[PDB]
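Heads up, the chain below is alone and in the form deposited in one PDB entry; it's given as structure tokens.
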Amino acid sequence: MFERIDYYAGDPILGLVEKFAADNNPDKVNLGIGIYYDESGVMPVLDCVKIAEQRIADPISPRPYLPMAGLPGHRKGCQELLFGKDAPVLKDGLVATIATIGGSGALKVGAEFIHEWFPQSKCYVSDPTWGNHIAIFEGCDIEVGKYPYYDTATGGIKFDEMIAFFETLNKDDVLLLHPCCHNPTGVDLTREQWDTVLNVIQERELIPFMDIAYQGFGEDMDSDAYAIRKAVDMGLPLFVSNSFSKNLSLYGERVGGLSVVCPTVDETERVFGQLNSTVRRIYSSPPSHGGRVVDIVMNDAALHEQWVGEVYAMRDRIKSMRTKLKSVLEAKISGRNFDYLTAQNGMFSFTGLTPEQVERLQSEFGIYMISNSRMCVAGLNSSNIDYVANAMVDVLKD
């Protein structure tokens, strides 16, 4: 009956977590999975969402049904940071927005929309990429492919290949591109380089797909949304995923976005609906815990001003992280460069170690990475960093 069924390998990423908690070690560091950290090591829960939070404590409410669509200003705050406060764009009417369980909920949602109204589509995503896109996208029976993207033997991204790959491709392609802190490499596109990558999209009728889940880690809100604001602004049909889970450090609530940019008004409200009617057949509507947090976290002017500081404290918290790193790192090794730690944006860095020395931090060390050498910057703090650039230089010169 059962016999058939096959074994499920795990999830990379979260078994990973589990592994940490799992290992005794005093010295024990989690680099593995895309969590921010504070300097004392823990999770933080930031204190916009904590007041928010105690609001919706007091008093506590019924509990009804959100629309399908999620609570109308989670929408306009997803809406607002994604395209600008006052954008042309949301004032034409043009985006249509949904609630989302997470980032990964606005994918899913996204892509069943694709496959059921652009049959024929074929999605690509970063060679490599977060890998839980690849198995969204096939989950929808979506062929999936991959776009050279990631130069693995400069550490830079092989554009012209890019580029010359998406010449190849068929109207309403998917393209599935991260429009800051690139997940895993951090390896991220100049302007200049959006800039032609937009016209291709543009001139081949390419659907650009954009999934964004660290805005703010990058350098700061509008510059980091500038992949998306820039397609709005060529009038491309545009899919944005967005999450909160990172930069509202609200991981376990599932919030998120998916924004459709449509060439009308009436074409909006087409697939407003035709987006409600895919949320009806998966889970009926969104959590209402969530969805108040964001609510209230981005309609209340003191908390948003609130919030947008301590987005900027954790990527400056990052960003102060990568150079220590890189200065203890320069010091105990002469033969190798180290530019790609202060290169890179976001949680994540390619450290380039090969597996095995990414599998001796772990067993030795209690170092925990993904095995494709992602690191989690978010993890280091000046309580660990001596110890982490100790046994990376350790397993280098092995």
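Positions refer to the first chain, counted from 1. Superpose the two forms; the largest set of C-alphas matching within 1.5 Å is the rigid core. First, how it differs from the form deposited in another entry.
- After superposing the rigid core, the C-alpha of residue 47 moves by less than 2 Å between the two forms.
- In the core-superposed comparison between the two forms, the C-alpha atom of residue 20 has shifted by at least 2 angstroms.
Show the form deposited in another entry, please, because up to now only the form deposited in one PDB entry has appeared in this conversation.
We keep it simple here and write out only the one chain, dropping partners and molecules.
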């Protein structure tokens, strides 16, 4: 009966974590997953969240269906965070926003909308990009190519080729952009660079789709959303898929939003409708618990202030781990320059190791990174940072 059914290779990341989890090396460290850990190496329960969740259990309440859009609190929360507290675009009401099943869910609802209403639109992702970016869009029958982003030699963006690619693209083609914290490279666009990408986007009449999963981990909430707030002011139409998984440390509850920026208030009334429609045929409505935590935190002034604070802290620890790594490498290896490590943003570092080098850190050390060299800086703490840095030196000297 199910002879035709093909085996799954697994999520390429989770294929690695599986190898790690069923490997019993004493010294093993996992730096191959986009999860934030603290100094003890454990996943933090944020204080603001802990408060949100105690409000929820006091008392345990009946659990009706959330609106398909999710709770308005969630919906406002996303908007004020992405665009600005009482921002002009929001004042206008030119942004359609739903709660989604994390960032993933937001991209899916977004992607489906695009497949249906713009069948002729192709989608383009960075070279390289996150794995699920391609899978989600292709899963909608969207044809997916890649724009050149990362330059192997410099270790920065291949900007000249990139803008040139964008010229060769048709009206309504979809550009899957990372406003900050590039996954997996860590190499972000400069604020001047964004203005160049966007002005081409306005001219070439293209569609910008922005995937911001790590707001508050680049520079800060407001700075990280620069690409978002600019495109808006340029009057451009734009899709914004946001995630609270990392910055809220709530991966499990599947919290996130999709926001769509429209020329008109009426056009927004239409888009919002089709978003609910798209949700209806997928999962019907977002989960209550997750929705409530977002609502509580984003809308409680004190809790919100407290939240921005703890994200600042997480960001800072990462920035700090980037420094210590650069320190130990520059000290023990006189030859190469490792400024890219502290130049890169958010949770990821393309450590610029060859696929053979990444292999070596795995066999002898129990140090896991992706074949393309991506490393989650958040996997590093005082207690293990020493070991990893030396191992990288040893693999670099080889």
